[PDB]
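Q: Chain by chain, the residues:
2 protein chains.
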Amino acid sequence: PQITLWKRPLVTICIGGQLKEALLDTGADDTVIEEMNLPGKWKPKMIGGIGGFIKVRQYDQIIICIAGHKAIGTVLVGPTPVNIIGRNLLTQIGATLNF
Amino acid sequence: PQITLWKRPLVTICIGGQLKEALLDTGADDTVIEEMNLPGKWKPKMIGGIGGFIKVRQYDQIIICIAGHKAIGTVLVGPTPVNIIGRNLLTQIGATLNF
Ligand SMILES: CC(C)CN(C[C@@H](O)[C@H](Cc1ccccc1)NC(=O)O[C@H]1CO[C@H]2OCC[C@H]21)S(=O)(=O)c1ccc(N)cc1
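Line by line, the protein sequences are chains A and B.
Anchor point for the first sequence: position 3 equals 28 in the numbering used here, and the numbering is continuous, going up by one each time.
Anchor point for the second sequence: position 69 equals 94 in the numbering used here, and the numbering is continuous, going up by one each time.
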């Protein structure tokens, strides 16, 4: 599809068996999902942006369905205000920015 | 151009007549540039990102060239970790997400 940028580019995702709304975010290196009780091993991490840093749990090889497209990779879970699909998964669903 | 996302979508911008590097950021509503001298009037504003809220200087109707494309719009100047070109200006240069 083509997504214009008049509005936030939110799409439906499925992660850990739950549907969420998430931003397709070219400005994010990594995918950051709001606090959820995801199973399995993880590694502590801190990630920084406007305002400072949040503490997240880094999970590897997590399956996510993004707007009907499958992806698998690192997901950071923590107290983000919005669910963020970052470049690590955007590449996997074939996303480009065009102008 | 068409821009893939295996690397950060960094471009050269011209702002205040000065060249800077900035990140094309579909997850940003607004364009936020690091502290710099920029001509004319501004208003104090607060914006929030992943790590909380910061104070910025809001400049309206700023002439900015983004990878050679002309925009004129709002630029927030403040302590952002990274120069970010947000949707307010991505829409001006006709940027869409595609997959
Ligand atoms: C600042 C960027 C270099 C990085 N950010 C992604 C960015 O798209 C966030 C993504 C974002 C979106 C909403 C809320 C928090 C974070 N947007 C953002 O800060 O935008 C601000 C400027 O416009 C406003 O509109 C949205 C918030 C304001 S980030 O969220 O901080 C971030 C940092 C590290 C990772 N792995 C993932 C994301």
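Careful, some of the hints might be misleading.
Okay, the calculated bits of chain A under chain B, using three or more residues with CB under 8 Å as the criterion [unchecked claim]:
no.	stretch
1	28-36
2	56-70
3	111-118
Since the hints were made in silico from the structure, they are not lab data.
Note that beta-carbon positions come from the ideal geometry of N, C-alpha and C, so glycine has one too.
Q: Against each hint, give a clear statement of whether it holds in the structure.
A: Status of each hint after checking the structure:
For the stretch 28-36 of chain A, the stated coverage by chain B holds: 6 residues have a C-beta nearer than 8 Å to a C-beta of that chain, and at least 3 were required. For a cut-off of 8 Å, the count of residues in the stretch 56-70 of chain A with a CB near a CB of chain B stands at 1, and the three-residue condition is violated. Closer than 8 Å: that is the beta-carbon criterion, and the stretch 111-118 of chain A has 4 residues meeting it against chain B, so the requirement of 3 holds.
The earlier numbered hint that this structure contradicts is number 2, and it is the only one.
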